[PDB]
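Only a portion of the chains appears, each positioned as in the full assembly.
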Amino acid sequence: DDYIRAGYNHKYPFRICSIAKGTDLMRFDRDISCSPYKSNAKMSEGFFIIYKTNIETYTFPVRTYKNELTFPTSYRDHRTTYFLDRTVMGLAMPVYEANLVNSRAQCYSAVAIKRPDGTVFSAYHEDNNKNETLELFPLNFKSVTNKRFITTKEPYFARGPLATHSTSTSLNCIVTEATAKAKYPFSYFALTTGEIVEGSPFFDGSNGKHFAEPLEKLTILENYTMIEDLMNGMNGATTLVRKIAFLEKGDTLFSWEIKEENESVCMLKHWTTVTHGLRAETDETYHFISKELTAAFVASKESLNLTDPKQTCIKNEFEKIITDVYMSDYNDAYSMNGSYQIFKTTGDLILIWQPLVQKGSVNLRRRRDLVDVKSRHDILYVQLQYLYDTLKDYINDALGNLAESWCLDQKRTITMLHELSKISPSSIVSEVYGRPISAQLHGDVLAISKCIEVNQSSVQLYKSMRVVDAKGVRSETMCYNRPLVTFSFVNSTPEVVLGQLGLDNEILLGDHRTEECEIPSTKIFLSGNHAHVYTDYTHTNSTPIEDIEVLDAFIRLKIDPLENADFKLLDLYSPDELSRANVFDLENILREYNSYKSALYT
Amino acid sequence: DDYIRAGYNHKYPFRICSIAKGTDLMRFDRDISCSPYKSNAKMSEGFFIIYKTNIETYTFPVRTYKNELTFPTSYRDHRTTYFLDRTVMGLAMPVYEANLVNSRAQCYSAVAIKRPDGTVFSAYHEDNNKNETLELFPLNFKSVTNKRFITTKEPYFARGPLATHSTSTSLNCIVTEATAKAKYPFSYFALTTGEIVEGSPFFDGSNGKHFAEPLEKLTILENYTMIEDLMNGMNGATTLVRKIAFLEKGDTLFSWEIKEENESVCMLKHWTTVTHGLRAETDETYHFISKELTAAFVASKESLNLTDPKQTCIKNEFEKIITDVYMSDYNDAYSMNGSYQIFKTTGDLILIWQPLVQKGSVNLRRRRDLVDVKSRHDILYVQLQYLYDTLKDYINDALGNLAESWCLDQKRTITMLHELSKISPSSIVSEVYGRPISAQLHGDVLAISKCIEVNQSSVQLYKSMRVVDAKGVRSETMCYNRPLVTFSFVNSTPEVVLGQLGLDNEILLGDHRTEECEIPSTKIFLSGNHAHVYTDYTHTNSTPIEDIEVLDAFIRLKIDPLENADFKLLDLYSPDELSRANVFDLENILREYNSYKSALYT
């Protein structure tokens, strides 16, 4: 037989692509606009100041006056320990004696005791029966923050056992300087020692402030004069006080200066100042980004309006800070674009944003550093937000630039494809379309022709490319450039008609193409999945396409997907270590004391 | 001389590429499959509920009964302060008197005192010698959370100084309503005032619970009846108690209701409900992602099984929550795909995951918001995990889409290269191969030919492109399209043979190509690193290649690498500020009290 059965390819099947109906003009869109990568983020330049809620307590000095009687303690004169001796109890210093102490740094020698009947008792030191004055001495060298002055060095006093205990001849006056503290509501204040006064330190006659102590014990004086410190004695400097309060609670008299709440307590404290900041406006919130702090603060778009008297105490301070910061760095290149705005970030931080306009060419640069010692991390969330914002911005910029470059490359490739289609329209148009078709250049546009398949049987190729005359004479000057192939159209039609092989398993009828024969020729034709070798315009061998190696024209993209990660929880200090880190434990102390007291039922 | 020495290029050297052996067929792989970008992550739809460990203490009401004798305090009748007067001490109220108080809101007028010998003492109010009853009054208007009822207003009592102190005629009954608290083990409970009972509040006759107090002091009653509040007096409503406990500790009697531990303490508390959640399954753990909370919870793949009686108290609650959530949002578009699963996330959070199936087309949408006030941040790790997961997902999606587009572009470029190789095979195949070679189209496949170099000396180009006859006659109708070049093969062979210049410093022997001459001609030929100008088919000038400018065909990728960042540590509040934020300091109070007591050695 002078024919060879052809192979088969599942995506380049043997098809006849005659013009049939033709038409179906096509063209390449060379009119493509590529947009430069403009960032969609809206950013504004400026600086902002951050204020935090003040958690420090309000500390003020409190002076306490106490007068007490005590028998000689731990007496053991008689056989039965003289029944001991102890008066111990004391009473609050009277107001006039407090005035004497605050004026001349001395205290009276006599006290009055009121029995429930109403009788007034007169007690004297050593029974001298004199209402004279005694000086005060700084016992224990005034210690630290608890400077107390005393008039009696606690010596041995008069006593005598009548087989019992009966003695009280020791007058001592206790004057102590202490400091008190109060939380934010100021409903009460407590001394450092432990005494508690259930009332507002700013309470007055009609201020309406909280006060639970009995009113009759309270006493308010105006334009009072008192010595600053008792160490200096009666010659110490005296400062006028516009309003002072005297309270008699229990056995002690408490005195403190009544100040004004609005002018003495500020509930906002300056935390930090960011000289170079940016405001990123999202669809619902602002993002204040500080590269120096690596922090991003999120606040709602509605600016605040500071009106509370306890929150306007920072107005002058932050206005001066704004003026100084603007005068220092952004003096020339920028100008203050409108007034500042006050925002409340999530997490309750007061942020004062000041916009800046313009950009001059260059501006002064300043650097700073801090050596603060780490103790905790309460605001790591702003760092998390900053990390997300920075990574998102970088990724968006990189991918936008990549998209612009991709647009440019695609436009150039489209132009190149249009230029190439004028030479080999069929392959280019088939590749772009994605389906094997036939196209032909009809002037300046491509006129494709959808065409049908034929049956895969009876696909025979003549093993001679020579042109043979009608009289069975080979023409030595005419040789077919492509092998002659015979096909049976569809299987429903057993008729067989001869054609010529084209490209990518394509057949075409008509005048078979031919050219001058060449004595040396080793043409190879691809058909289906079997290469055919033609030497001297005749078939010699037929081998599978897989035998001839493949040029590695593909360019790989060495990118691997990111892997899942489980951030494991880390504990620097075990809770046992936190338990052992405190010298004093309230629960342990109370439990031990209660157990000892219960065992003390003897 | 009629010749010019050629230049040199280090990567396009003058080589002779005769066929020699030929062979070495090559082809382009146009059969490339481009996989679309399918995400490898496995995600499931549903909602989950998160439960946290309950840290709240167990609070229950405790009633205390106390009976005490006190002489008129701070007596000062006689000269020696009448040796004062103070009985002070007290004793626990007897059980029958407690019953009388709890029933008729009144207390007996007589008490019994047991001396160590065994004698029983009878003491009476005002020595009336009557065992009658007295009512209780809400002293201090019952205050807040410490409503205490008393029977004596502490008036002046009978006394008389025989130069000593001897008086005790004041019977007072103290009945107080207080609240106690206990940690999780319930080994003990302590009153708010400070009293401690070393026993389980759920202790019973044989429950086996921890109890350190002596058993003889304990007393357990059943079906006890008692008044709810003492403010209402004897007419107050009474509630039956199935089991009550009476404990006599020190000088006070404590009473509390014995409940059931399993039915009164729940160790898991509902935290939040996520209506729209996703479960990302990794190779070892599940990731529960909530976009609303911006949180990701990591739990092991093994579902739990709630069996502890103190942890099953949430079963009905969370089942009802599941039913309500499913009935509200996912009523129609989804159906409950199997039963729920319970997972324990890292960090000990109980997560109840409910799967959902299907997707109907649309579902109801609901929005919510919260105005909770920030105080701390204990679970920032879930936000960190969510941030990592979100960024990883976005990066993976973007790079997968980029890889798919790159595959498509590379496939089209390979097709274009195959089409181009049919016109200029040498350059295309050399570029793909990466090494300068020669190729020729042998029908439908390329037959490349590896070829060797020649010596770089004696590379001379004739300065005339005209074809000169054997008789020294220039042919005005035939002119060489390329300059004639002479080379000496390798330096080991000094013989010189004339050839014709090709492309990219390539030489070829044989019949030199020629065409019709043209009077106007300004052809320029590139050879080595020196362009040669040929006007009228003769050499005129020779200039370096760098003189002629270069088209900027390269398309840049404006991408810069990310920079290193050092997240600096931020401290909102200095540790000194934390120290100053507390009104009461245990260490300072104890140190001051101890110093004062040590100085009280008088």
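Letters A and B name the chains as they come in the text, with residue numbers starting at 1 for each one.
Note that in this section a residue touches a chain if its C-beta (ideal position, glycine included) is under 8 Å from a C-beta of that chain, and two chains touch if they have at least 3 such contacts.
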{"item": "Whole-assembly copy number, given 2 chains displayed", "value": "3"}
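In this text, only the chains that are shown with their structure count from here on.
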{"item": "Gap in Å, rounded to a whole number, between the CA centres of chain B and chain A", "value": "13"}
{"item": "Contact footprint of chain B on chain A as seen in their complex", "value": "11, 37, 52, 55-57, 69-70, 73, 87, 89, 113, 115-117, 121, 139-140, 143, 146, 154, 162, 164-168, 181-183, 189-190, 192-194, 271, 293-295, 346-348, 372, 374-384, 387-388, 390-391, 394-395, 398-399, 401-402, 405-406, 408-410, 412-413, 416-417, 420, 423-424, 427-428, 431-432, 503, 522-526, 531, 534, 545, 548-555, 557, 559, 561-562, 564-569, 583-584, 586, 590-591, 594-595, 597-598, 601"}
{"item": "Complex contact set, residues of chain B against chain A", "value": "22, 25-29, 31-32, 40, 72, 74, 76-78, 80-81, 83-84, 156, 163-164, 188, 190, 194-196, 198, 249-250, 280, 282-285, 287, 298, 346-347, 373-374, 376-377, 380-381, 383-385, 387-388, 391-392, 394-396, 398-400, 402-403, 405-406, 409-410, 412-420, 422-423, 429, 432-433, 442-445, 447, 555-559, 562, 565-575, 577-578, 580-590, 592-593, 595-596, 599, 602"}
